[PDB]
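Only one structure is covered here, and it is reproduced in the block below.
Missing here is one protein chain; the remaining ones are kept as they sit in the complex.
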Amino acid sequence: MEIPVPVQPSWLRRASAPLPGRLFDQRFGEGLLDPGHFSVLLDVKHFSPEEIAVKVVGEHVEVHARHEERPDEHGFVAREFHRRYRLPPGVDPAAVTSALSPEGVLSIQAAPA
Amino acid sequence: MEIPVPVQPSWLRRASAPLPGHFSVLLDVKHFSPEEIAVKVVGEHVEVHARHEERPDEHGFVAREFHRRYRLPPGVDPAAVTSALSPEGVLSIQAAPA
Amino acid sequence: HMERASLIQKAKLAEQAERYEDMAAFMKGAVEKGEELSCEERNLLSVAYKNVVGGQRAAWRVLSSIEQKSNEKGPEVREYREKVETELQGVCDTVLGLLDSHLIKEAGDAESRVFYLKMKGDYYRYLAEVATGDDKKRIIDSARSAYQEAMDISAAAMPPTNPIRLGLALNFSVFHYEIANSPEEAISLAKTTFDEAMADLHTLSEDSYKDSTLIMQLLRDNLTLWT
Partner (left out) sequence: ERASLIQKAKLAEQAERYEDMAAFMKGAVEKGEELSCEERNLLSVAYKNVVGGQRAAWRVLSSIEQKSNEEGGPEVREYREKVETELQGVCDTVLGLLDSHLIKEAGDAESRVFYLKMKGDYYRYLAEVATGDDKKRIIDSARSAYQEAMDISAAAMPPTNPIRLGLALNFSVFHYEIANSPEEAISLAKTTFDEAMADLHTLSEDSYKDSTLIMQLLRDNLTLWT
């Protein structure tokens, strides 16, 4: 039993021409420079929304991010990560939503049930 | 007693009313142990392949993998390429001038 | 009456759009209709002008700092600092003009009287931040008088936990420290205001409580910084 969680970009509008950590993967932060709910924050800076997959597999919320070989500051680089979080008992798997901020923060939330 | 000196912290500001050739690279490989990192010289490039199987962490379970590639300048001998991992988790790949 | 209602709606729209110069202009016009302002309207007027003057004050400090550093000089910094300073002075004079010709009255509520007198002290204090000679002395005296009249009313008519009273005591203590160069009076005023506040918090309602508990933290932060 597993349901797919859609990655919706938080930001709406559209970006036009602008005024002109390290090479690691993830965790959480307090800011940018328990009841029957679920709430996690992930740093997915190296991945676009189409390169991130969020699912609810049984008692867990799975995050699968992968990007194929791409150029960077020093050479070429391909990255992949798999994160897993437990889903508390009083949380409906259908209530699990996911959004990606323009800063590259993935938030997976589930309203109290 | 005579004259006190103020313990003014960096935390605050005067609050007012509120509004009503060679090769040398450094890599952060903090999530990987030496046995989980593989450095190779493949032709004109220096390849770094780091992979760790599913492990527990601060929030849940996590498996990671990365592949980095760097160009090897012409006057650099591939046999002169050395790699070391510091206890701080920094991977340094170097090659003495040749 | 219809014109006034429209100007207040436009000021609320300008606030949503974050066009504080427009908001200030609408609020000035609304005040000029001659009706007394409601608590919500007082707050609209205050928000409008504090955002305008706040932007100008923040700008002047940057320029004044460059000007002070570039002396260990180029005429451009002085000329431009003088220009802004002039824009800031005009906004303060506008607020002070509105307060003296329309808002400051001997009737009615102590709340509205303290509110306007604090506002008078504030805008004279902003003028004092950029003033220089004998003019500075006159401005310092005018701010002191407005604040003191407001303090006198608030101590007699408002509880020590009242947020208008707390906000006023905070600003007057900022005035003593920063403008009047009386750090001892500033610390004493801030301590007294804060102390009289904790003892009375239980007498407050959820609405008033949040206002006082915030402002007491500001008094405490300033005391940490000044002592």
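First chain written, first letter: the chains are A, B and C, and each begins at residue 1.
One rule holds in what follows: a residue touches a chain if its C-beta (ideal position, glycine included) is under 8 Å from a C-beta of that chain, and two chains touch if they have at least 3 such contacts.
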item: Candidates C:62, C:198 or C:214 - the one touching the absent chain; value: C:62
item: Absent-chain contact - pick from A:4, A:9 or A:29; value: A:9
item: Chain C residues that touch the omitted chain in the full complex; value: 6, 9-10, 13-14, 16-19, 22, 59-60, 62-63, 66, 74, 76-77, 79-80, 83-84
item: Absent chain, residues of chain A that touch it; value: 9, 11, 14-20, 48-50, 70-71, 73, 102
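One rule holds for everything that comes next: only the chains that are shown with their structure count from here on.
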item: Whole-Å separation of chain centres (CA-atom averages), chain B against chain C; value: 49
item: Inter-chain centre distance, chain A versus chain B - centres from mean C-alpha coordinates, in Å; value: 22
item: Between chain C and chain A, distance of the C-alpha-averaged centres to the nearest whole Å; value: 44
item: In chain B, residues with contacts to at least two other chains; value: none
